[PDB]
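Chemist: Chain by chain, the residues:
There are 2 protein chains.
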Amino acid sequence: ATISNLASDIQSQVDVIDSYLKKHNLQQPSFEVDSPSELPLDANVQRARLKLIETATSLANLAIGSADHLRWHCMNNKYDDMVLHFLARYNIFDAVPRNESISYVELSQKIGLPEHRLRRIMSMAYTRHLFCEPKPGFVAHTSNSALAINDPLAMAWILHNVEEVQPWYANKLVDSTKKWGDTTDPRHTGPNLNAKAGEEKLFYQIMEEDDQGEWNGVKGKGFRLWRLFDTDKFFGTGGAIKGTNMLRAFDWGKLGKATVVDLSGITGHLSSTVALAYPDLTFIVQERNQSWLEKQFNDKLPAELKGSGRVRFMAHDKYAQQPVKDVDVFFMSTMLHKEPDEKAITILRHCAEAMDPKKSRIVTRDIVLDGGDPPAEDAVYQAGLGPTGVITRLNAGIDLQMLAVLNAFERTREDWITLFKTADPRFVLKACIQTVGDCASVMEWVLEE
Amino acid sequence: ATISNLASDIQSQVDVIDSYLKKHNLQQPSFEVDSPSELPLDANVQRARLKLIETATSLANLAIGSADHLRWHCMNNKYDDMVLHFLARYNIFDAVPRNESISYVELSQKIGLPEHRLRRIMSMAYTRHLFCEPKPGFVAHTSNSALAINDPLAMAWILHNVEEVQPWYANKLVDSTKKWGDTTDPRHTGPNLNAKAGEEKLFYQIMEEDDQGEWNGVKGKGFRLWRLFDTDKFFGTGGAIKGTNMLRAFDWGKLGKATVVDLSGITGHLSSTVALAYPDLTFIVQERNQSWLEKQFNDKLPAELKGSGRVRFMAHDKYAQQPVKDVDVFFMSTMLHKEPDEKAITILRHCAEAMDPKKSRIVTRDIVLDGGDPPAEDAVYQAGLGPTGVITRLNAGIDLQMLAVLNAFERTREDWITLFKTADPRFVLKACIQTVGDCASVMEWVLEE
Numbered sequence: 002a003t004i005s006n007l008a009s010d011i012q013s014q015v016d017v018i019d020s021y022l023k024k025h026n027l028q029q030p031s032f033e034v035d036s037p038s039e040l041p042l043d044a045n046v047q048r049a050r051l052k053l054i055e056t057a058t059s060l061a062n063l064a065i066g067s068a069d070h071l072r073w074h075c076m077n078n079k080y081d082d083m084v085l086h087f088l089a090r091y092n093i094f095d096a097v098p099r100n101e102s103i104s105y106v107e108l109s110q111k112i113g114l115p116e117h118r119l120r121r122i123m124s125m126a127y128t129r130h131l132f133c134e135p136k137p138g139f140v141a142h143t144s145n146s147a148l149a150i151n152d153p154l155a156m157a158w159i160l161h162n163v164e165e166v167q168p169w170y171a172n173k174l175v176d177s178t179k180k181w182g183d184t185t186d187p188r189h190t191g192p193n194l195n196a197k198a199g200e201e202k203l204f205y206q207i208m209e210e211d212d213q214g215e216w217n218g219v220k221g222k223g224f225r226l227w228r229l230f231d232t233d234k235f236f237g238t239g240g241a242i243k244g245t246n247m248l249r250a251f252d253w254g255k256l257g258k259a260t261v262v263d264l265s266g267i268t269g270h271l272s273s274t275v276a277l278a279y280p281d282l283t284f285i286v287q288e289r290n291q292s293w294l295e296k297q298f299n300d301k302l303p304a305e306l307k308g309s310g311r312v313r314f315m316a317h318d319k320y321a322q323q324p325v326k327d328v329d330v331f332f333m334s335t336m337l338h339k340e341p342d343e344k345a346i347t348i349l350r351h352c353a354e355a356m357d358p359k360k361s362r363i364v365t366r367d368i369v370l371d372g373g374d375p376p377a378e379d380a393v394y395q396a397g398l399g400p401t402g403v404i405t406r407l408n409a410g411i412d413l414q415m416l417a418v419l420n421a422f423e424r425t426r427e428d429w430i431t432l433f434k435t436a437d438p439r440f441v442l443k444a445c446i447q448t449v450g451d452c453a454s455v456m457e458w459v460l461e462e
Numbered sequence: 002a003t004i005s006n007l008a009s010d011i012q013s014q015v016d017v018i019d020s021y022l023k024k025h026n027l028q029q030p031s032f033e034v035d036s037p038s039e040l041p042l043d044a045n046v047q048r049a050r051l052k053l054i055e056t057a058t059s060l061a062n063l064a065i066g067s068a069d070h071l072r073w074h075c076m077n078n079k080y081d082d083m084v085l086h087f088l089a090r091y092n093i094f095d096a097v098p099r100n101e102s103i104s105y106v107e108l109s110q111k112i113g114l115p116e117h118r119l120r121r122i123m124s125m126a127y128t129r130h131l132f133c134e135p136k137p138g139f140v141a142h143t144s145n146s147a148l149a150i151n152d153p154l155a156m157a158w159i160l161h162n163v164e165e166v167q168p169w170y171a172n173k174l175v176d177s178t179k180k181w182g183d184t185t186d187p188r189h190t191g192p193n194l195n196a197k198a199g200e201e202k203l204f205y206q207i208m209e210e211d212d213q214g215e216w217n218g219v220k221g222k223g224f225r226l227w228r229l230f231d232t233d234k235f236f237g238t239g240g241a242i243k244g245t246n247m248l249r250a251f252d253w254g255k256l257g258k259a260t261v262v263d264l265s266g267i268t269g270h271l272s273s274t275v276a277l278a279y280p281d282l283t284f285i286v287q288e289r290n291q292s293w294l295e296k297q298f299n300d301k302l303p304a305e306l307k308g309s310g311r312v313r314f315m316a317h318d319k320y321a322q323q324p325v326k327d328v329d330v331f332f333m334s335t336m337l338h339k340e341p342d343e344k345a346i347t348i349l350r351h352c353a354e355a356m357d358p359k360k361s362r363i364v365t366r367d368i369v370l371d372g373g374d375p376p377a378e379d380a393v394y395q396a397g398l399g400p401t402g403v404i405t406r407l408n409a410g411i412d413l414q415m416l417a418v419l420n421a422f423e424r425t426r427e428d429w430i431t432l433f434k435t436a437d438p439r440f441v442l443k444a445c446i447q448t449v450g451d452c453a454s455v456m457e458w459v460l461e462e
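Read top to bottom, the protein sequences are chains A and A'. A prime marks a further copy of an entry chain. Numbering (the entry's author numbering) for the first sequence: 2 to 380, 393 to 462. Numbering (the entry's author numbering) for the second sequence: 2 to 380, 393 to 462.
Source of the hints: derived by calculation from the structure; they are not laboratory data. Treat the hints loosely; a few may be bogus.
Identical chains blur together in the list; that is why a pair holds if it fits in one copy or across any two.
[What the hints assert, rightly or not] Pairs of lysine-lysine, PhoX-like flavour, derived with a Cα cap of 25 Å: (1) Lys307 / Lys359; (2) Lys326 / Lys344; (3) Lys443 / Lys243; (4) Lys180 / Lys111; (5) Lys180 / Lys220; (6) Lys23 / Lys222; (7) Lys434 / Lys326; (8) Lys222 / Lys136.
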């Protein structure tokens, strides 16, 4: 890489994107409040986007240079997260009006954060194009910050990372590695470094048991788990992993009238997206129960689905035998990646024992670390992959989140195939489709004699 | 901003830099091990560099877009720091040979980190151009990582941030703000959120007292403070704030044969740089004593200065009267920014009482948040400043480090002038010079009747 060749590559990638936007009369992205929040899903546009992010980031890295690389990174980067911590806990997104500016004096008063400290936090926020200072003394939104107005799912994602993942797990991972080595046991995690025998706490136990707090309509026991469920929904409502991508990566219409057991769990928000598009499907969403789960699940269903039975909650232990009969599809999105091989095999064997091989299939959605195949219309590394690819990087972030919190791990295509064949040697991978811009693939599995 | 106008601005900035490199037969930066570690200090080149970093980063931010902004940031960013934590604690920089590749198998064995976990850490490192995978199965250095080989100062900066600043202070700043409000008291910091009365610990008390560890030649009591002193030296040896910039921002030769009391403290590494350049100066470096400080100070002096008396340590309480007579210069680099107004005024009055107004001056070096004046040859915002400027961002990182650890703060030019005039109304700011590429200014103060 040289600064000149990176600049030339940037111009080529920009020209692909800009030409497509102009040809199709599409809005140009900006940092204004009402900028589009994404670029078109056209595969060639998304390839250019993924390459542009990588090449622009590489050029900034090269221009910073090696002398300022660690000097600046270890100074600044952790404060981007601390700034978000303040913005979420003081509800600054909602306190700044969407379409107007607000003085620091008025903003400070609205949120109860002394103005001199507010000013020092906002100064750092602006450097990530998160809010802006349109005139001296005043604060306004940007594209990036306005999209989080009135969005508890986005606030959940900030706070889960800054108040739980980073302090309890990531910042203890070196010590956990030294204490237990490289294991897949979710007890071998930061909260347990000094735990007395038999008193180890699992992440999911802390999530479901802590009662000292409230989040987004759940007060007391399990508020942190409810907030975690909100983070899962955040990844479905928009952005790279949005749930509507599944409609492009798998043909739900080919199932006709069919029963889907959705072992993705959580609140069934992906089942709801598919159900709205395909009224002949019934989704039975299976998840470990919590006192508030059935009520919250039902309250969050799209209005059109409430009371219809098309998407319904069924409390279930995913490690136990399957009670639903005549299931056409076992569906599980971003669920098996939390399961080391033996636990994943238990789940998959309970599904297989409940499958009619001639009629049933398993549809999974997970990272394939090497890459899924693009959708047929869209057919050294694919854009976004390779050592500096932005999808390589997102996959690594998710993989390290699985490591830090659970000792779980992401898998390659061959890893998935081997896992399923160990569960039942009759499993065949029929399709592994990843839309350009997304890190997950939708995989279709059948039992063949 | 649009993607096209950012791309055009990138091409203009690259052309300035590339034309200068070619005209002067200078090496092109790359990610290779032996890339230059910085660009020329020519002011127009550095202005173009600072603008290029900002514009490239803005273009990557825009191409990511608002939908993936928080989704990706809160996933990935904290892992850049966790990766550094591993790289430093397992000494991966030194274990990868500078000029050769090493297999993951051999690297894992050298450092005692299981290979599967090593591979998952390196995957994330590569996305910041920190090491690379030149062939499948093998690891090599990049420009960015090779510069940290055999550099305990760089390792100190990683570990101080990831093991002390972030967990003990930054990740508790919201809670500290809620407990105490906006104060300048260094007791009102994260370690003391639950401290019992009169048992509060100051950062600098923890640094100097903890004896459960070792760092870079200091075993036991005060190892963390020694590591902090190494971080201070790291900012002097290279990069934006390198100490040789002071030779451009102030004329030490005009002093002739002169005595300088250096209240920067630490290990006098900036005094050593000036002393090597100006043999007629004597520097008396004043700092709070520690058992190991005089020995380490003397061992780290440049060979040419050892035993010469040109740079010597004098234990001193900066809040106490000044014992040295006939001082020509009181020098203090990045020291007063840790001092709230009343404490800074105490120091400055002790200096002023020891000054002959006709002969003496104070030379300070600190951030001026609005910007110092460029050196005379180099004469809405200056490059690097403004809301997304990279020097604005570094200043904010340092300002938030001062907030989180000490409740201290950075200052504008007018803040500095007001502070000095409160200390003694005879103080006049004669010069405030900031070299392009650096965040600190060198300020010259005299007493005028």
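Chemist: Give a verdict on every hint.
Modeler: Consistency of the hints with the structure:
1. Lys307 / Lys359: neither (33 Å within a copy, 86 Å between copies)
2. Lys326 / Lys344: within (23 Å within a copy, 76 Å between copies)
3. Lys443 / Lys243: within (23 Å within a copy, 59 Å between copies)
4. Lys180 / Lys111: Between copies only: 19 Å across, 47 Å inside.
5. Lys180 / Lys220: between (36 Å within a copy, 23 Å between copies)
6. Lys23 / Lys222: The answer is neither: 52 Å in one copy and 66 Å across copies each exceed 25 Å.
7. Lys434 / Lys326: For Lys434 and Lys326, the Cα distance is within 25 Å only inside one copy (23 Å; across copies 84 Å).
8. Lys222 / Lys136: Cα proximity of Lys222 and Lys136: none, with 45 Å in one copy and 50 Å across.
Hints 1, 6, 8, counting from the list given before, are not met by this structure.
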